[PDB]
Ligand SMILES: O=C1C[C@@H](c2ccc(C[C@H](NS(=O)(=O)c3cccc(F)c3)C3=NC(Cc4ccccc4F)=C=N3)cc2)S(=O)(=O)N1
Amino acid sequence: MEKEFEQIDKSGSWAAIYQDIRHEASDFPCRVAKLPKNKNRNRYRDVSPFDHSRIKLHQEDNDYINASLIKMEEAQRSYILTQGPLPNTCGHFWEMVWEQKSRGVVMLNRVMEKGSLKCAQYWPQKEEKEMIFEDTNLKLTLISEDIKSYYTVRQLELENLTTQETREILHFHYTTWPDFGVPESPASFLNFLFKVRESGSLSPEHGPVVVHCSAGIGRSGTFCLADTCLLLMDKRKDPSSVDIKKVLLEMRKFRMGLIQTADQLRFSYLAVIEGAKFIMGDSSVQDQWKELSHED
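Please render the chain's structure by itself; use the form solved in complex with the named molecule.
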């Protein structure tokens, strides 16, 4: 894998390679997303979930949410990728989290980035001020938070007001990944990813983890591609066999535009190559990653 990386670097072909992927990517209808009644449920007019893989809310009125089920058969892991919720779709977001039985939510953006709103404040910032989503009959409370230098992990309590059932939802918020950009380092990215993994959130016993950024395709796609490739390396009898470009095209069958710049693609290669060290056994790389990430 690093041989291909090295030759892409020498040839200076990241852009051409990335554009080939965009050209070969699947094109499926998004008719439900484009219905006039769903216009205000979409943050961006050009980013819509394909009809075949969209997540359907269990409400009869309108079951539409800009969210997609990325089901990776060989890796044996599913993820739900969605846009940052809008002021009017936060209830829908939590209804999806509840109905799909997700245990973790991975957020890779900030509410405001460079002077622009990118996502509604869909969770409580203060313990004493819980949130009620009236349209969906759900209550959400901030139980605690572990704030790190570049990411924060939060314990949220989500309650179905109707049945009184409550669930602990873990929120993994990466706060320093710029839009259309990349993480500070493979180490910082991997330190975070393994925190999500170690939490049990990605376990097949739970529903799919919900991953989102602003549009739910650039940063979210980078995060899922690296996680999936590392999973495939650990699975197969020969990790060198993992073709990251093939994996990305496979993921793009479930949601459009995953990975938004040639450099996020190049970063994905670095993340997988670095993470592979842990998969192949190295028990000193993780601490290395933590030290390198300066999470304190």
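In this text, the rigid core denotes the largest set of C-alpha atoms whose superposition between the two forms falls within 1.5 Å. Shifts are known only where both forms have a C-alpha. Positions refer to the first chain, counted from 1. What changes on going to the form deposited without the named molecule:
- Candidate set 157, 179, 145, 99; criterion, C-alpha shift of 2 Å or more between these two forms after rigid-core fit; matching residue, 179.
- Core-superposed comparison between these two forms places the only run of three or more consecutive residues whose CA atoms all shift by 2 angstroms or more at 178-181.
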Second form
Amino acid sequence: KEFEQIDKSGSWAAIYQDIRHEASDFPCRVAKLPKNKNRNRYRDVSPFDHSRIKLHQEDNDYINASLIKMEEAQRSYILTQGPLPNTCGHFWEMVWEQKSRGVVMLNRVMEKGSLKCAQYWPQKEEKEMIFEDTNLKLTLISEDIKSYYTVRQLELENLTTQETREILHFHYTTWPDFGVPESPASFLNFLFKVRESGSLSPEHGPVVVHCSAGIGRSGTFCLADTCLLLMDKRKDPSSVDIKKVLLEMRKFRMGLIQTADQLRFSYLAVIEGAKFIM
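For comparison with the form solved in complex with the named molecule, would you give the structure of this protein in the form deposited without the named molecule?
Chain only, nothing else included.
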């Protein structure tokens, strides 16, 4: 309906232009500190200080991650940048401290002939990783390589307390180099797979979602998710405004959704998903 009205008038880019300017702006002083210069993958994508995830590290608690707490939907997510060669230890520290269950990678390690993030997880179960700096060990238990994604069951063990924890890695591997998925069907399906695992359920810490910047594609995941959740707990699609929900998330992290193209997709995914989870 609203989507149809926008489409016929092609007002999408303007709608987005508007969102982009309505969005909240908050300090990122910690992020901009010189001592954190190398803990950041991009200069233009930083975590607002008010919502940044602080490492329980007395040394330096900086990790480019933000907690998006969605009150009404009763769902929290942790959006982060793809781990840098020097920050995989911190990434796994965060996952441990925030008692996260799932990890959502919405990118490939190399896209457009460029390396968009670090290989922070073990590829072969025979060769586990040990993050010295953070004193954590990571092991591949299994994985299910599928057509448009892959589920990996990792095990994170706190080497300090010898305590083990099962982590789930949901890897979406078919998000186009340019554009957005031609159809939501696979994305929604990936979203639902994430949901079924319980990694998105309240009995756990917030899910750690990420791409490269950890805002474009990761933002779409969360928006689609939350919109579908509210629409569900109200069973009243009518009151669920994608534009308002997005802006609401923007109070917690910048540039969620990078292009008006992705915004259109979010509408598609949410609308399509309503024909089930609502």
